[PDB]
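First, one chain by itself in structure tokens, the form deposited without the ligand.
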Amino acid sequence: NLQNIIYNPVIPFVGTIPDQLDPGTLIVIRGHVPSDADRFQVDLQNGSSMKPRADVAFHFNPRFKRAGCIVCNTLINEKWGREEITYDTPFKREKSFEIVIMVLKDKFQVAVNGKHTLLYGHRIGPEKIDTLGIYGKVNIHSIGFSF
């Protein structure tokens, strides 16, 4: 089932994942986007080091300017890789949401509000992920894991 690690966390939030992200693992995040929000992101990291900055296996970056979009990338040795931009974004300012990230053998599958949103192939072994961080303009109601 689901096991939240925090409720109404102050943002930015950086927490350690209680178990290994093996295929089949679900990460659930419920929150709300403020009316003035420009962007926010959910980063799956290897450690919480800030200098040198910890590798980010999966960077999920919803942006709200223009028509909006979702930027996904990977950070290795403080170097970003090739961006994967998703334009059919379900996120909206002043609207609550529920993000579900499925960990599959070769990629992450993200659904928002019960509807598939995007996929992202692993660039870093998922077993190296033990930290989850949330930054930017967003209100988080809960972060949980279904191992």
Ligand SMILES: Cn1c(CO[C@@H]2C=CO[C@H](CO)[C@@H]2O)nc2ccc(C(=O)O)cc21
The other form holds:
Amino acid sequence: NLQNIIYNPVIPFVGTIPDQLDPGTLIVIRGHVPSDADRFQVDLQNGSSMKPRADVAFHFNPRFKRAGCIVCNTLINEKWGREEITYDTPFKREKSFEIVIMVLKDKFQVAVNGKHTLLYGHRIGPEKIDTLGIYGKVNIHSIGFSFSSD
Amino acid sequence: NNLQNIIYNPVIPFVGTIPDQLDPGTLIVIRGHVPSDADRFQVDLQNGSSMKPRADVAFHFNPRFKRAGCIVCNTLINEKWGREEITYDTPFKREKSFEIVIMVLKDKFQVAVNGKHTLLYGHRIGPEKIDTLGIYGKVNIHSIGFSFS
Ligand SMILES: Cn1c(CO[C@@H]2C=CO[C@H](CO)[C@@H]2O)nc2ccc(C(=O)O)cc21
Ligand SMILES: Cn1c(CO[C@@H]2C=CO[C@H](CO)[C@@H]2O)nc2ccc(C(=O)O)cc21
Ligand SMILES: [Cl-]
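Beyond the form deposited without the ligand, can we have the form solved in complex with the ligand?
Following is the full complex, with the preceding chain placed first.
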């Protein structure tokens, strides 16, 4: 059921999500972490405004310093909320990944390389998300959606 | 037969509390038969048993018998049905007995009937929200039991 919006996008990438992230929707991101990566992020946004900065419903932010982690958060009116940090991180410098974001009624559920990674409760209604951004030190092979509505 | 909370010949419609959480690896095992004039029946994995307003249905598993038959899978959220996922390759048949095995995985349900893979259904509601098993419609249920993880 997977409809790729794009292959091998230049980073930073910002794209319109062509249908609503209804419960059951999957977002599938395939890529590779360069050997000098500090961090990258996948942001599910309410628009693409840079000034002022678009709200980020879901900021999914792998960080590579020390033993590494994933920081998840929400940006509302240009302010970050309570960080949810996952120390059990599957990402590594110079390794390839497949991220699967499952949109559920009340949360995102993220798996990497087929292994459960984390959950993130909705702080912004996911119906307000219409943009996907990927930023930072990361190589993206593909971004695709499997929409509920299809 | 190591199954847990096994009950026999429940009255239909059935609405029962699921006696533990639907963690990855959990099985729900339902044995029954389709009466000869069945239009449809359903197995609903619900978030409670509210009738008004109607309880969310994480997984509606709805065999239908008209024409070549099918299984309709859907989710009810805030009394609105989502996009139907229809399986046209259906193992169910009027006057035939069945064993349904619903395996809960982290990202989907995997359903087998009489030991044959039938369908997959991706989660739309977190399965931790499911506490109720409803069985409704034109069906006889011989037994229900569980395998918890
Ligand atoms: C660093 N950075 C940010 C801000 O990220 C925040 C910094 C710290 O904590 C926040 C989460 O709590 C968030 O990661 N937003 C960004 C967007 C793009 C880029 C970039 O490299 O192109 C870099 C970016
Ligand atoms: C017919 N029906 C429903 C509604 O089913 C919906 C109707 C059409 O499409 C939906 C799936 O998209 C769903 O089967 N909920 C029910 C609950 C119980 C019964 C009953 O026969 O007891 C019958 C019921
Ligand atoms: Cl949920």
